[PDB]
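Next comes just one chain, in structure tokens: the form solved in complex with its partner chain.
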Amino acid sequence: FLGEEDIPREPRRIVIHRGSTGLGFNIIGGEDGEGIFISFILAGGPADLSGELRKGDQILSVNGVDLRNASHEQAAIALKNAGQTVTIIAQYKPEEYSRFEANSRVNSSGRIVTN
């Protein structure tokens, strides 16, 4: 059903209330421009419970701080020290993301498929 509908590609604002716990996701990128992408969403974590983030999403900013051209560690530092309420502006970029994970590609609906 849903899985055949196109994944929205416009930027989205996601407000996560995580208090003093991890956001519950992994980031890759931050080397030479690339950008910061979500590579994994932890089951049960705040990011998962938000139901608004997914692997392949690029983190454009955290609490107003532009992360488009952030380095890996600084981006991590920004997220970890973002505070209890984290406002992320994210944008689905599967083609860009697919470059990181082995044997991964994008299907007609924009879904990241790994072979």
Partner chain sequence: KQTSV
Given for the second form:
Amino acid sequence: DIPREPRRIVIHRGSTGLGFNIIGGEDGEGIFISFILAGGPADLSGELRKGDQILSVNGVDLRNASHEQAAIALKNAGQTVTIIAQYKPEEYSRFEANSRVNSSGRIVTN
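Now show the form solved without its partner chain, given that the preceding structure was the form solved in complex with its partner chain.
So it's only the chain below, everything else dropped.
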């Protein structure tokens, strides 16, 4: 089973972006990670995953933030980005077309 408890993740932008994409941000629905680039800084941390909700970046609350102000935050976070993430597959799947959550907590797209 995948821990559902919140976690703190420090990513290092360094050369390129943060290596991941987000969705949501409409009506305080939240901001979720929908894709992680292989070899990117997010992947390199090996702590994040698709389905994770960004609760905050460098302390700035982002739960009820919008995709645009979340993008702005992440982009301003700097070289050393600290992220508070929480696995929410069910809440994430309603965002991805033809996606669902199997009985192991994993997100599946038929």
